[PDB]
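K.L.:
The primary structure of each chain is shown beneath.
2 protein chains.
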Amino acid sequence: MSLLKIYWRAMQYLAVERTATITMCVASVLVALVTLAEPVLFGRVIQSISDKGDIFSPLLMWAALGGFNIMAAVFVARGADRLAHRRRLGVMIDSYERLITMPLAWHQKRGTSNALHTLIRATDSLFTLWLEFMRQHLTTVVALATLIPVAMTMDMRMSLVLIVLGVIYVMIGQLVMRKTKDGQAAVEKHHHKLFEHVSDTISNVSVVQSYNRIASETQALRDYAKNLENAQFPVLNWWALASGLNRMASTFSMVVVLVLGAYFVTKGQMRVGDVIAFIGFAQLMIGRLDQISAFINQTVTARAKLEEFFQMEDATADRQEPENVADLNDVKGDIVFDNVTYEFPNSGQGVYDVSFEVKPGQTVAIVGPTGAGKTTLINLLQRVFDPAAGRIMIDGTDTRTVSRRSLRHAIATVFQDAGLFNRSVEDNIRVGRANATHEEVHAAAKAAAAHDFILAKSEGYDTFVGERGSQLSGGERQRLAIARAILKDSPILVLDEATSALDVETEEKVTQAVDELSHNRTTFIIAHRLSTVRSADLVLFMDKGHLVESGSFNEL
Amino acid sequence: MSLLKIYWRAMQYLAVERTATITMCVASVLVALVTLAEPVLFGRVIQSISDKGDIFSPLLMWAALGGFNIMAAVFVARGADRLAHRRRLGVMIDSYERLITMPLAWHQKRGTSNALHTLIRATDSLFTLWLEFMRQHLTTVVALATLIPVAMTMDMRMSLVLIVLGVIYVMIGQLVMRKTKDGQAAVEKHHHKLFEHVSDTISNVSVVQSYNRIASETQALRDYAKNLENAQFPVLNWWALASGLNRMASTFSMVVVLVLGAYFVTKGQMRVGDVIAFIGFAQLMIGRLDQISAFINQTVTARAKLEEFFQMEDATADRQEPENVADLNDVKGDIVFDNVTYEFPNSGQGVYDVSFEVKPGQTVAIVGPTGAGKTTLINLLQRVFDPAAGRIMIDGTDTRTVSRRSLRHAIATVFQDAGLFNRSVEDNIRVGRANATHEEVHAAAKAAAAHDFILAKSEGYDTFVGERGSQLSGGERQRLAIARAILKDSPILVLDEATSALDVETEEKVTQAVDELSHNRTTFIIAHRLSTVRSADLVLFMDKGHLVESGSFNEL
Ligand SMILES: Nc1ncnc2c1ncn2[C@@H]1O[C@H](COP(=O)(O)OP(=O)(O)O)[C@@H](O)[C@H]1O
Ligand SMILES: Nc1ncnc2c1ncn2[C@@H]1O[C@H](COP(=O)(O)OP(=O)(O)O)[C@@H](O)[C@H]1O
Ligand code: VO4
Ligand code: VO4
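Read top to bottom, the protein sequences are chains A and B.
All the letters of the first sequence, read from the start, carry residue numbers 1 to 556 under this note's numbering.
All the letters of the second sequence, read from the start, carry residue numbers 1 to 556 under this note's numbering.
One chain only, chain A, in its complex shape:
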């Protein structure tokens, strides 16, 4: 049973706030004892024969106990509520950090939309788990644990009945658990299929709309829903049977305790009222012993998502060394490849047996057939994945002996797909040099021909853009990416298709500025348009992961 594992992990995640956790535990123990003490007082006061309640009597003890009860209820309802939200925010922040720090392959293979779903439906489940646990469960657990001795002290037969009730509850839970586990695995798989289909279609609404396949897609979703609820029903059937069994056990226990109280007619003590006290005990227990069962149901679902949330956390194998790592500094520019080879997981293709050198001050232009291993070479330079066999040598330092923070600080890149945030243009250019100035932002925009179109439209620089920069067409996105890269001003520069959506005039106007600014550094340009590489100092072309010439600018 992973219930113990996930509960202990939730406790470990909750143990950071000691100062409040111990207080919550103490208050829970106190309120459990109050809820245990109330029924005994009720049995003592329910005599109603010659009690004379309105003068002192156990009714004053009632008043004091109820006042303490309401005060403790207020304290718990405030403290647990205030703790749960703060701790959920903390867990979300730490998990978001660990999620961002993960490499790109893990994101591409799984994430984009599934990762955020995992985050949200794990943190919300953990929050509800913490809140319900604290209040109801941390009352009831210690409440029953302290109750069973008191039940043993007077009228041990009733304590035996209560023990039988507890054993029956445990047995029925365990019996239901196997079938529910078997069903819930398939249920979770089917739900994942349904959600991934929904996300895939919604994220690509333009294509599904522009091809008249809305009806087909909704029919596919209906089929997925039918598949999901086809295997869903047995789980609900078994849970309902469990509810029936525990309710029947509760009814039988009530019958037993009433009959035993009646049979004690021979032992005519004051228990004429105290029996009612025991009744409350059972009542109390039964009510609480129901609240856990449905609770268990919740976690039997939650497990699924929680498991992923832990499989991510245990996957914190990223370690750039605490201090043994030597952050590379004072970059001059010297790129050397040593027999670099890469095989994609469960696939072919990838660069094979490449070795070339780059001297400082000169630019390198990779051309050739499409899909021939250019983007993979470029992102091998930035080390988004470690080459399987071979070395990448930077100015007398191996790349695998360099901190990630230092390596990517000296490499400024424009990707093939210019990614953008939906913030303002000012912020989208500020993600270069962090806090240089506004004048340099203006200059960088001017250099990449980004100032001309933006100085006279839509509230100036403080202009919002839509998701993935959907409000600036395609070419303007390329201009903003180029301006950002130029503003970062790193010794190593990369431009993967910098002129994918620019006409000839803007292409020339941008490339001349890029050359003027980058002549002091080393840059790579990946393009099929040979016009932009007229100033290239090392022109090379590679076909299907294999070099051909790797010669100078002018060669045949």
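By construction, these hints were calculated from the structure, which means they are not laboratory data.
Among the clues, some could well be false.
Said to hold, decoys possible - With the Cβ distance kept under 8 Å, some of the chain A side facing chain B (calculated, not the full set):
no., residue
1, 54
2, 59
3, 60
4, 225
5, 232
6, 370
7, 474
Positions of the beta carbon are idealized from the N, C-alpha and C atoms, including for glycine.
Fit chain B with the ligands to the given chain A structure using the hints.
P.N.:
Just chain B with the ligands now, with coordinates in the frame of chain A:
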């Protein structure tokens, strides 16, 4: 109070399944009456003086009533559980349909990731609302409604006390409601800000990682979380105060009922036991009257998301006319523009005063400066938004008098950003002609040079691709999009930057096949590379939403 509105809307959404809803209501009424009848039996049987329970006695009535109670509990726990999931799936399917059918501007301005979040957190809230409502609330509402007459019949003073309890609960709920509403609006706004930031960053992990700003982004998220929980606390404070007040009212009502039962010592009837019966009443009520209050808390949050889910549903203003619309058929190809103008909402730019004509059998190539209103013209042709002033004329038919299904069936397009589904390549090509054959799929792949690279890699055609086609670089995505468009074979063809990521050789090899296949139809090509428009029959260029020449292929 929108509580009545949203509850009535949930009921209307639940009224489709009449055959099961009426059964659930009947069972709820029955179990409410059973829960009302039990305490009276308890008061009658708790005498324990000369009852002689083990021979007949009210204990047999206990046994029968408890058996009916457990049977009804099983029936409700099965029926409500089976109903809720099926109805949630139905609501999700219908809302997904309405979401897909909405226009592109609404998606771009808001959706991609927020729309799916709205869907999921609205449907899950509705599901939990339905389940909790049915079981607990549709028991307790009619239970109390039928209880208050019985309380009035015997010992009207206790009924008065119960009425006072109910009035106090209503008053404290209403008092808490104003402050909770004021807080929850700001809380929801802040949560939306936090989630949009998280989604924006996660969806763009490559850029945030490649610029060493993970620390800055997590600090921004921490600041957002601090802002969210800064205004969160007063809501929890007020809710805890409400819990304290209702618990105090419950305790006072218990004191009142016990004291009144004691004062009835003068009226020495059998009520010596029946008073205990009333106690259970109060007990019952109090417990149930607590379950609603926290329930209300839930919906006070849920409202926010639910409101959006209704604002979407009420926004079903899309109507292509049921039958008055005339689906355009037998397309020959004749595109005419009539003074078409467009102003973007709260922005400048857009095509101004355009009018041109297209004859069948000839192709039209739009060139010119970047960001000059080309993509907007093309998507005006497909009518993703209605021109503000002007007409689009297709073969003697106005476009606004044409069904959307018929119009986009005759126009096959490759977008500037070639969108792809993460299904196999076979499925990504099957979204053209729906069920033509496999041989024509192979031929279409061969024509667009997509067969050569794929015949010998990664399990053939049945090759999965990642999210947004991340597993095929960029150029292969363009080839797949071109192959899809060619396979659809529509009389009107559009190619927005069909050679954005192809070298010269593949560009020629693809454009010759495209020309050979499309010479029988009319096509538009939007490109800054003049090589692909060597066969263009109508070359025109437009600058900042204004035409210049609109001449033939050869002009100066
Ligand atoms: N995540 C991946 N999984 C499998 N194959 C991949 C993946 N990424 C790239 N490839 C393969 O690597 C080849 C080259 O990719 P890439 O370098 O991105 O394109 P280009 O060669 O045009 O720069 C492609 O043919 C593609 O099939
Ligand atoms: N959703 C939008 N909101 C505001 N402005 C837009 C939007 N979409 C496009 N524009 C403006 O319209 C102009 C032309 O856009 P578009 O036609 O997509 O590019 P192109 O002219 O290169 O085809 C751009 O300069 C852009 O500023
Ligand atoms: O629609 V473009 O920005 O490729 O001219
Ligand atoms: O598919 V490419 O990386 O040659 O633009």
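K.L.:
Each of the hints needs a verdict: does it hold here or not?
P.N.:
Each hint, compared with the structure:
With its C-beta approaching chain B no nearer than about 7 Å, residue 54 (chain A) sits inside the 8 Å limit, and its interface hint holds. About 7 Å separates the beta-carbon of residue 59 (chain A) from the nearest beta-carbon of chain B, less than 8 Å, and the hint is met. A hinted interface residue such as residue 60 (chain A) counts as satisfied when its beta carbon comes closer than 8 Å to some beta carbon of chain B; here the least separation is about 10 Å, so the hint is violated. Among the interface hints, the one on residue 225 (chain A) holds; its C-beta lies about 4 Å from the nearest C-beta in chain B, closer than the 8 Å criterion.
Proximity of residue 232 (chain A) to chain B holds as hinted, the smallest CB-CB distance being about 6 Å (cut-off 8 Å). Evaluation of the residue 370 (chain A) hint against chain B yields a held restraint, the C-beta minimum of about 4 Å falling below 8 Å. A least Cβ separation of about 5 Å between residue 474 (chain A) and chain B falls short of the 8 Å threshold, and the interface hint therefore holds.
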